[PDB]
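> Below are the chains, spelled out letter by letter.
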Amino acid sequence: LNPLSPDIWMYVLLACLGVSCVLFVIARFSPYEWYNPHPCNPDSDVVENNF
Amino acid sequence: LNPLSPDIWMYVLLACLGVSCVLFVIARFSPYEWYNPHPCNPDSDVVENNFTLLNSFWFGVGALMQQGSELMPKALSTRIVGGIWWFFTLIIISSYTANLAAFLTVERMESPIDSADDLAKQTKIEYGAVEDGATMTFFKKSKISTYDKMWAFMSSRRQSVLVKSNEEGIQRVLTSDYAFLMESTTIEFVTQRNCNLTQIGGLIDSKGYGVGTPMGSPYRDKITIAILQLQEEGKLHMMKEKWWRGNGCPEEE
Amino acid sequence: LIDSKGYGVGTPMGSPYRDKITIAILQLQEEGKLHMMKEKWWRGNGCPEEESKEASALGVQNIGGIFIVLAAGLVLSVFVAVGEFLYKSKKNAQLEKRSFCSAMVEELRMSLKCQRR
Amino acid sequence: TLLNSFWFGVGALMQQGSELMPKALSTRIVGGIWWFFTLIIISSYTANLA
Amino acid sequence: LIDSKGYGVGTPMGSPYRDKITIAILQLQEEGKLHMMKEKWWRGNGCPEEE
Ligand SMILES: CCCCCCCC/C=C\CCCCCCCC(=O)O[C@@H](COC(=O)CCCCCCCCCCCCCCC)COP(=O)([O-])OCC[N+](C)(C)C
Ligand SMILES: CCCCCCCC/C=C\CCCCCCCC(=O)O[C@@H](COC(=O)CCCCCCCCCCCCCCC)COP(=O)([O-])OCC[N+](C)(C)C
Ligand SMILES: CCCCCCCC/C=C\CCCCCCCC(=O)O[C@@H](COC(=O)CCCCCCCCCCCCCCC)COP(=O)([O-])OCC[N+](C)(C)C
Ligand SMILES: CCCCCCCC/C=C\CCCCCCCC(=O)O[C@@H](COC(=O)CCCCCCCCCCCCCCC)COP(=O)([O-])OCC[N+](C)(C)C
Ligand SMILES: CCCCCCCC/C=C\CCCCCCCC(=O)O[C@@H](COC(=O)CCCCCCCCCCCCCCC)COP(=O)([O-])OCC[N+](C)(C)C
Ligand SMILES: *[C@@H]1O[C@H](CO)[C@@H](O[C@@H]2O[C@H](CO)[C@@H](O)[C@H](O)[C@H]2NC(C)=O)[C@H](O)[C@H]1NC(C)=O
Ligand SMILES: O=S1(=O)NCN(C2CC2)c2ccc(F)cc21
Ligand SMILES: O=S1(=O)NCN(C2CC2)c2ccc(F)cc21
Ligand SMILES: O=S1(=O)NCN(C2CC2)c2ccc(F)cc21
Ligand SMILES: C=C(C)[C@H]1CN[C@H](C(=O)O)[C@H]1CC(=O)O
Ligand SMILES: *[C@@H]1O[C@H](CO)[C@@H](O)[C@H](O)[C@H]1NC(C)=O
Numbered sequence: 001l002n003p004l005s006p007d008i009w010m011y012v013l014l015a016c017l018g019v020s021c022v023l024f025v026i027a028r029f030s031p032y033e034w035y036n037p038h039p040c041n042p043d044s045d046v047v048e049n050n051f
Numbered sequence: 052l053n054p055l056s057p058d059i060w061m062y063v064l065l066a067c068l069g070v071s072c073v074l075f076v077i078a079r080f081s082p083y084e085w086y087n088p089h090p091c092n093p094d095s096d097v098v099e100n101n102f103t104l105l106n107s108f109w110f111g112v113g114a115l116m117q118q119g120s121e122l123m124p125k126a127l128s129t130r131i132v133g134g135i136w137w138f139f140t141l142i143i144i145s146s147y148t149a150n151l152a153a154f155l156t157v158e159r160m161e162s163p164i165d166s167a168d169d170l171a172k173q174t175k176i177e178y179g180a181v182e183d184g185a186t187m188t189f190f191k192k193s194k195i196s197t198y199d200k201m202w203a204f205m206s207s208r209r210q211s212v213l214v215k216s217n218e219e220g221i222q223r224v225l226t227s228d229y230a231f232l233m234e235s236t237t238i239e240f241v242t243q244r245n246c247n248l249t250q251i252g253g254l255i256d257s258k259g260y261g262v263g264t265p266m267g268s269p270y271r272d273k274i275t276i277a278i279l280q281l282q283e284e285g286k287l288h289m290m291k292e293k294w295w296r297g298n299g300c301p302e303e304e
Numbered sequence: 305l306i307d308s309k310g311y312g313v314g315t316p317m318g319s320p321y322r323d324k325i326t327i328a329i330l331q332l333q334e335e336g337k338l339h340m341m342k343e344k345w346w347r348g349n350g351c352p353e354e355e356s357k358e359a360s361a362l363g364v365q366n367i368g369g370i371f372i373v374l375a376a377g378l379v380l381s382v383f384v385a386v387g388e389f390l391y392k393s394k395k396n397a398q399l400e401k402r403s404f405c406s407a408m409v410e411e412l413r414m415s416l417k418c419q420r421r
Numbered sequence: 422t423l424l425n426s427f428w429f430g431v432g433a434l435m436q437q438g439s440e441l442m443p444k445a446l447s448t449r450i451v452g453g454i455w456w457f458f459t460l461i462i463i464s465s466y467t468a469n470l471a
Numbered sequence: 472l473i474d475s476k477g478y479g480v481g482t483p484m485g486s487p488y489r490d491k492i493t494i495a496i497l498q499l500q501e502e503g504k505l506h507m508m509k510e511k512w513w514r515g516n517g518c519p520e521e522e
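Residue numbers (my numbering), protein chains in the order written: chain A, 1 to 51; chain B, 52 to 304; chain C, 305 to 421; chain D, 422 to 471; chain E, 472 to 522.
No wet-lab data here; the hints were simulated from the structure.
Hints may be right or wrong, so weigh each one.
[As the list claims (entries may be wrong)] Calculated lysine-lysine pairs in the BS3-like style (CA-CA distance at most 27 angstroms, straight line):
#1 B:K286 - E:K476
#2 E:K491 - B:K194
#3 E:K476 - C:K337
#4 E:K476 - B:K273
#5 E:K504 - B:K172
#6 C:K342 - C:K309
#7 C:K395 - B:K125
#8 E:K476 - B:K215
#9 B:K293 - B:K258
#10 B:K194 - E:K511
#11 C:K337 - E:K511
#12 B:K258 - E:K511
#13 B:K194 - C:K342
#14 B:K172 - C:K357
#15 B:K172 - B:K194
#16 B:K286 - B:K194
#17 E:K491 - C:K337
[Stated by the list, open to error] Estimated spans, in silico, between C-beta atoms of each pair:
#18 B:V241 - C:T326: 22 to 32 angstroms
#19 D:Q437 - A:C21: 49 to 59 angstroms
#20 B:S166 - E:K504: 33 to 43 angstroms
#21 D:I461 - A:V12: 49 to 59 angstroms
#22 C:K392 - B:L68: 26 to 36 angstroms
#23 A:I26 - C:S356: 45 to 55 angstroms
#24 C:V382 - A:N36: 20 to 30 angstroms
#25 D:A445 - C:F383: 35 to 45 angstroms
#26 E:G479 - B:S268: 18 to 28 angstroms
#27 B:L248 - C:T326: 49 to 59 angstroms
[As the list claims (entries may be wrong)] Here are some of the chain B residues that sit facing chain C, going by a computed Cβ distance under 8 angstroms:
#28 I59
#29 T148
#30 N150
Note that the Cβ used here is the ideal one computed from N, Cα and C, for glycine as well.
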């Protein structure tokens with residue numbers, strides 16, 4: 001746990017909470033991650049989100 | 052196998068079987084892992100668990116070898132186990148490859164003596180010369196204080212370390228732990244006929260041979276012109292390579 | 305060094321040899337003989353041991369702690385394994401009552417080992 | 422197939438994933454001892470690469 | 472080395488100073504002064520560049 005200083009081990013933990021949060025926020029208002037499930041699916045107007 | 056200790060190679064095998072039995076028990080017990088892979092009829096009650104005991108073993112082996120498997124936890128109770136086994140096998144693989152760099156390139160072998168002054172400090176390796184030679188006579192008359200330390204070791208134990216010939220000086224290097232002090236023209240002959248001995252230092256001094264004559268002899272000039280004739284012609288290099296031959300040893304490593 | 309003091313060649317009180325050695329010790333010092341004699345006798349087997357080399361395969365004293373943070377990760381995961389059993393019965397609380405009789409069903413059906421439904 | 426089996430071996434050699442994974446435990450031992458092989462080859466390679 | 476030869480203090484043919492320097496050069500050599508004077512003048516900026 002020594003080859004990174006103990007503020008780097010915190011800054012890579014606040015980056016996992018920061019990137020994964022903004023990956024969730026963008027996946028809410030990105031209108032191309034509203035894909036079609038059920039790989040046959042005659043359209044049925046139901047789309048979902050992996051994130 | 053070297054960069055990890057032989058108990059650590061067992062503690063990884065006991066953790067790869069240890070986690071992969073805990074991950075089976077949690078996945079069988081957790082209700083959120085049971086999923087229905089039936090896109091046609093979602094209420095047809097085809098709930099299923101991928102984590103059988105042969106699949107739970109394969110997640111542990113697959114994440115340990117850093118190739119990764121097709122199995123991903125999706126219940127959170129199995130997703131801490133899958134997330135903490137990825138950290139364990141990040142530190143094991145990194146500590147192995149950062150210790151494997153040390154166990155491949157370190158040196159050939161360092162000799163305990165590398166010179167004459169290192170041989171004077173180390174009083175474990177006893178050392179001597181011929182007790183009738185000009186090798187003894189140099190260290191006895193020297194005062195350079197590296198060779199005052201070397202003669203004080205030899206003059207204390209003239210019965211022990213000083214020998215009678217070159218042959219009895221090499222046999223005590225081959226058998227005992229000894230550092231016999233030859234002249235550089237019969238170290239070159241010994242280190243071709245016997246490829247397990249070496250020359251440690253450079254040269255302590257510079258000397259040279261010569262056809263001795265009595266005091267005021269008329270031949271001391273007719274020989275030294277005839278030696279220079281044998282040296283300009285190249286005879287004294289033809290006769291040296293003929294006798295100090297190239298019997299063959301490995302290079303230096 | 306706690307203090308500093310030095311080695312004096314003692315003479316009786318009133319010796320004329322005091323100054324003749326005082327000048328003489330300075331004569332060996334300005335020439336360099338007092339450093340020659342010290343580095344001949346305070347020399348010897350200089351301690352090799354401190355340096356490094358060649359070794360230290362990683363043992364339990366070296367790596368060590370990822371066998372601890374693993375076991376702390378599996379103990380914490382069992383604690384959230386019972387926490388998803390209790391909340392699944394709370395999502396089964398709008399069906400039977402809230403509790404054990406609905407909970408003992410989930411206790412059984414995991415133990416039948418691929419009777420899936 | 423023989424094209425799909427050779428892309429497992431090349432895939433597991435260069436440390437990348439492949440779309441096919443061995444089921445049927447006799448093929449998981451092949452796929453598990455080729456993973457320990459390519460771990461040691463590459464860890465020995467990049468150790469001397471400096 | 473292509474050959475091997477050495478530096479002789481020249482004297483005319485029949486000089487009595489020949490033997491008195493022949494013994495003398497051996498006297499500087501057995502004591503170590505010929506190695507002191509060589510390692511004072513053939514010393515200098517030893518080439519760092521190779522390392
Ligand atoms: C945003 C959405 C949500 C994201 C959430 C998750 C993200 C988490 C993000 C960050 C997490 C926490 C960050 C830790 C700080 C790192 C910096 C650091 O430590 O270096 C130094 C700080 O000194 C500087 O270098 C300051 C320079 C500021 C320039 C602008 C920065 C913004 C870049 C964005 C541009 C945007 C526009 C671009 C448009 C394309 C430390 O100083 P020092 O120790 O003395 O070292 C000497 C430095 N020296 C040699 C330079 C003198
Ligand atoms: C239910 C799931 C359980 C896990 C199952 C997983 C299956 C496999 C799991 C593990 C397999 C391997 C076993 C791990 C330890 C091996 C090391 C060993 O035995 O020797 C060491 C003993 O070690 C100690 O004494 C340290 C004490 C920690 C013990 C475990 C604490 C974990 C729980 C606490 C956290 C709870 C927190 C809760 C959450 C926040 C030797 O001692 P040493 O001093 O290291 O040696 C120095 C050498 N020297 C003297 C020469 C210098
Ligand atoms: C990457 C994404 C973010 C993850 C978030 C968590 C990261 C932040 C985590 C930790 C932040 C560290 C801050 C320091 C404070 C505690 C340190 C300490 O006191 O050590 C003490 C205990 O420590 C341990 O033994 C291990 C405790 C944590 C292990 C489990 C982590 C849970 C990760 C999975 C769940 C993640 C949670 C989220 C999901 C549910 C030392 O005591 P000892 O070792 O027993 O004794 C010395 C050993 N000896 C006796 C031989 C000498
Ligand atoms: C210290 C602890 C000691 C023990 C205490 C007890 C444990 C307490 C902890 C947890 C409580 C246990 C019950 C939780 C309910 C499970 C359902 C669920 O996960 O929601 C959904 C996940 O998708 C989401 O929307 C998740 C929302 C965020 C939660 C996770 C945060 C991640 C950060 C990480 C940091 C750690 C997070 C910490 C917790 C937030 C899935 O729901 P579903 O059933 O699949 O339905 C979907 C419909 N479908 C099936 C067709 C797709
Ligand atoms: C970091 C990566 C972690 C990877 C996981 C750790 C796995 C554990 C790996 C090894 C643990 C066991 C060895 C302990 C190490 C001590 C040395 C030793 O005992 O060697 C002994 C020999 O025995 C062997 O060398 C063969 C050991 C098995 C080979 C590894 C199989 C990997 C399986 C893959 C698993 C998945 C496959 C799925 C199912 C197949 C003898 O000592 P020696 O020094 O060799 O001297 C003799 C040699 N000589 C001829 C030169 C004279
Ligand atoms: C390999 O090492 C050994 C021991 O370090 C050496 O061989 C022996 O060394 C001891 C000195 O303690 C002698 O008494 C023995 O006579 C030596 N053995 C033989 C057969 O002569 C030596 O350094 C090496 N041995 C080799 C290369 O054979
Ligand atoms: O004993 S000598 O006559 N004089 C000393 N030297 C050279 C000073 C090294 C040498 C060098 C090589 C010799 F063959 C002889 C001598
Ligand atoms: O005992 S002394 O003669 N006088 C005191 N000192 C100096 C005060 C340090 C020293 C310092 C070095 C000495 F060798 C002797 C002495
Ligand atoms: O020219 S010399 O006097 N005679 C020839 N040799 C030896 C044959 C190498 C040497 C070797 C070293 C010298 F210094 C001089 C001479
Ligand atoms: C073989 C012996 C004893 C001779 C050979 N040359 C030196 C000489 O003739 O003076 C000695 C070497 C030595 O003492 O190591
Ligand atoms: C050096 O000694 C070893 C064992 O004492 C033996 O192989 C032989 O005498 C020597 N080695 C070689 C390569 O001649």
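> Confirm or reject each hint.
Comparing the hints with the structure gives:
{"no.": "1", "hint": "B:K286 - E:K476", "result": "14 angstroms, holds"}
{"no.": "2", "hint": "E:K491 - B:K194", "result": "24 angstroms, holds"}
{"no.": "3", "hint": "E:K476 - C:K337", "result": "38 angstroms, violated"}
{"no.": "4", "hint": "E:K476 - B:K273", "result": "18 angstroms, holds"}
{"no.": "5", "hint": "E:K504 - B:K172", "result": "24 angstroms, holds"}
{"no.": "6", "hint": "C:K342 - C:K309", "result": "17 angstroms, holds"}
{"no.": "7", "hint": "C:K395 - B:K125", "result": "19 angstroms, holds"}
{"no.": "8", "hint": "E:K476 - B:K215", "result": "33 angstroms, violated"}
{"no.": "9", "hint": "B:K293 - B:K258", "result": "22 angstroms, holds"}
{"no.": "10", "hint": "B:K194 - E:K511", "result": "20 angstroms, holds"}
{"no.": "11", "hint": "C:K337 - E:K511", "result": "20 angstroms, holds"}
{"no.": "12", "hint": "B:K258 - E:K511", "result": "21 angstroms, holds"}
{"no.": "13", "hint": "B:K194 - C:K342", "result": "16 angstroms, holds"}
{"no.": "14", "hint": "B:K172 - C:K357", "result": "22 angstroms, holds"}
{"no.": "15", "hint": "B:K172 - B:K194", "result": "17 angstroms, holds"}
{"no.": "16", "hint": "B:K286 - B:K194", "result": "39 angstroms, violated"}
{"no.": "17", "hint": "E:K491 - C:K337", "result": "32 angstroms, violated"}
{"no.": "18", "hint": "B:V241 - C:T326: 22 to 32 angstroms", "result": "56 angstroms, violated"}
{"no.": "19", "hint": "D:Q437 - A:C21: 49 to 59 angstroms", "result": "29 angstroms, violated"}
{"no.": "20", "hint": "B:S166 - E:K504: 33 to 43 angstroms", "result": "21 angstroms, violated"}
{"no.": "21", "hint": "D:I461 - A:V12: 49 to 59 angstroms", "result": "29 angstroms, violated"}
{"no.": "22", "hint": "C:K392 - B:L68: 26 to 36 angstroms", "result": "29 angstroms, holds"}
{"no.": "23", "hint": "A:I26 - C:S356: 45 to 55 angstroms", "result": "50 angstroms, holds"}
{"no.": "24", "hint": "C:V382 - A:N36: 20 to 30 angstroms", "result": "38 angstroms, violated"}
{"no.": "25", "hint": "D:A445 - C:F383: 35 to 45 angstroms", "result": "36 angstroms, holds"}
{"no.": "26", "hint": "E:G479 - B:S268: 18 to 28 angstroms", "result": "20 angstroms, holds"}
{"no.": "27", "hint": "B:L248 - C:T326: 49 to 59 angstroms", "result": "54 angstroms, holds"}
{"no.": "28", "hint": "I59", "result": "6 angstroms, holds"}
{"no.": "29", "hint": "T148", "result": "12 angstroms, violated"}
{"no.": "30", "hint": "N150", "result": "6 angstroms, holds"}
In summary, the structure is inconsistent with hints 3, 8, 16, 17, 18, 19, 20, 21, 24, 29 from the numbered list given earlier, while agreeing with the others.
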